[PDB]
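Shown below, as structure tokens, is a lone chain in the form solved without its partner chain; questions about how it binds or moves come after it.
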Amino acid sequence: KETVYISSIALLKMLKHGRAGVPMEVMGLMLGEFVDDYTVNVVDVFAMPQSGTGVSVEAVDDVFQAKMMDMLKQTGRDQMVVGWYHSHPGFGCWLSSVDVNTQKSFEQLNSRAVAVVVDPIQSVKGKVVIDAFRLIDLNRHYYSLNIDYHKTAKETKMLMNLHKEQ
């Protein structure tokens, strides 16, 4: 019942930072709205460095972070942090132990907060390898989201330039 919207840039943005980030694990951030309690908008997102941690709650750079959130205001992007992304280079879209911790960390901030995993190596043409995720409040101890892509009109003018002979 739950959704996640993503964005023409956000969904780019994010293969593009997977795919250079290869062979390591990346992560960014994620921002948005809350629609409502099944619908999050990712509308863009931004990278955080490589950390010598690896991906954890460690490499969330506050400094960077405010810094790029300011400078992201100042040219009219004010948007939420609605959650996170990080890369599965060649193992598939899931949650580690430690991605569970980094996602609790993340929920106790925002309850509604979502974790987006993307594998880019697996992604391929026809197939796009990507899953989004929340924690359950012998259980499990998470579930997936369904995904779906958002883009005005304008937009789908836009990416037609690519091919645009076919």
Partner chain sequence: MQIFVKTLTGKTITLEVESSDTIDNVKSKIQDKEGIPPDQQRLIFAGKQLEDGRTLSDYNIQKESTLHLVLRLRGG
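Residue numbers count along the first chain shown, from 1. Rigid core: the largest C-alpha set superposing within 1.5 Å between the two forms. Compared with the form deposited with its partner chain bound:
Core-superposed comparison between these two forms: among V114, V55, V42, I130, the single residue whose C-alpha moves by 2 Å or more is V55.
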The other form holds:
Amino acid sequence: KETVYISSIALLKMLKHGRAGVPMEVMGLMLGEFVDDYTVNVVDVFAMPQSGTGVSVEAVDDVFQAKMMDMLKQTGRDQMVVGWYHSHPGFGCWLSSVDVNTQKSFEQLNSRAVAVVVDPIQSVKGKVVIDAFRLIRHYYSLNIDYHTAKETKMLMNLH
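Take the protein just shown as the form solved without its partner chain and give its structure as the form deposited with its partner chain bound.
Left out here are the partners and the other molecules; the chain alone remains.
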């Protein structure tokens, strides 16, 4: 009964990035914490220099990923990487062979690592098409839910 909790900024960052990349795939890293055996919090995400096509994406700059993580510490985000995200513009959420090779390298450093996939095309008002996965190689889907009063009043200011 394990759940991935995606903060508001994380969801908006991933959706905004997915839609901007269209018709290309995009990706980025996910910061968060493993609170307990049943709870993974994704508080934040960020995108590194990358190249993509309609059916692939890869990170280019690797210095950037290191640097960025120090900048955030300096500004109060002490959370570490819990996983990664990329987009499937138009063809749903699942893990490809390429994504498994990347996900297992993640799970080697943290057996609780997570891989999120969002579809910017199928995501529409009233239907957000996103999913979180992990391996054991086959893979399985983790339930996704969302956590605060401060964020909620702030969001209600739109309309």
